[PDB]
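Number of protein chains: 2
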Amino acid sequence: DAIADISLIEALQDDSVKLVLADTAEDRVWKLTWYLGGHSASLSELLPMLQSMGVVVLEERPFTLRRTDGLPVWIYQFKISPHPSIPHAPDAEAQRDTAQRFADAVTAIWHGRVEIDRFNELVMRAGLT
Amino acid sequence: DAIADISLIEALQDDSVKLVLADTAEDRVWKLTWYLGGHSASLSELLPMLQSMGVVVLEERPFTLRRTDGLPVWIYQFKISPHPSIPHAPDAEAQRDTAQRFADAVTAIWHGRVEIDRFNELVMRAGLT
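Protein chains in written order, with the UniProt record's numbering: chain A, 500 to 628; chain B, 500 to 628.
It should be emphasised that the hints constitute simulated quantities derived from the structure, not laboratory data. Take these hints with a grain of salt, some might be off.
[What the hints assert, rightly or not] Beta-carbon label-pair distances, calculated as ranges:
hint: 1; chain 1: B; residue 1: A593; chain 2: A; residue 2: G626; range: 54 to 60 Å
hint: 2; chain 1: B; residue 1: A625; chain 2: A; residue 2: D603; range: 43 to 49 Å
hint: 3; chain 1: B; residue 1: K530; chain 2: A; residue 2: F562; range: 37 to 43 Å
For every residue, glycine included, the Cβ atom is placed at its ideal position computed from N, Cα and C.
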């Protein structure tokens, strides 16, 4: 896990943001790793963005460290679960596409390019960008 | 810390709730220990109650264990900060009274005896129950 972590950490820039969404070994539970490259963010603003996605926030674990150039970076492990009414993935390809769309959507939400509303849930419902 | 923890844990009952609010060694930062005696609660419902209090949720740390009678209990450490416009405590007595009112208010919020709105902020603003 250290190889993937330092690779994503080094690829970050000033005030950069990275997300990786994977599935937990159990059923209907996902792990989202959220990397903040330079500045820390509180949960009261980080949670509503994921709430608009339609998933339920279950657990959070914070971490932090310093990069090679002295840039402090933060890592947040989110154990989340999507809404039961959300359809499943017929294959691994659908899971991969949904993960990519989810990461891009939340990244857009953080930058303020969109609004915070339940319309975002359609990304995981109708398979839209 | 173990003496105070097991004392509060043993005093709990089925589906009981306990809160202890203390001040961190730094300035304008508080630590709230939230003990759930029997059932686990997600952050998506535990956070709005504290949001209505007027404080900003900064960090959360989860823990769990089993009691002597086999009852599983959960502990949540919340590192929070009140709103800057909220007045300070002129003495330790005001801090103690505010902590007692805060604990009682949030305990009432969890039981559903009140509503979730910004009116609750007056508890920490005008010193009301």
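Now for the hints, and whether the structure bears them out:
The hinted range of 54 to 60 Å is satisfied by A593(B) and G626(A), whose Cβ atoms lie roughly 55 Å apart. For the hinted restraint 43 to 49 Å between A625(B) and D603(A), the CB-CB distance of approximately 45 Å keeps it satisfied. As the Cβ distance of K530(B) to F562(A) is approximately 19 Å, the hint placing it in 37 to 43 Å is violated.
Checked against the numbered hints given earlier, this structure breaks only hint 3.
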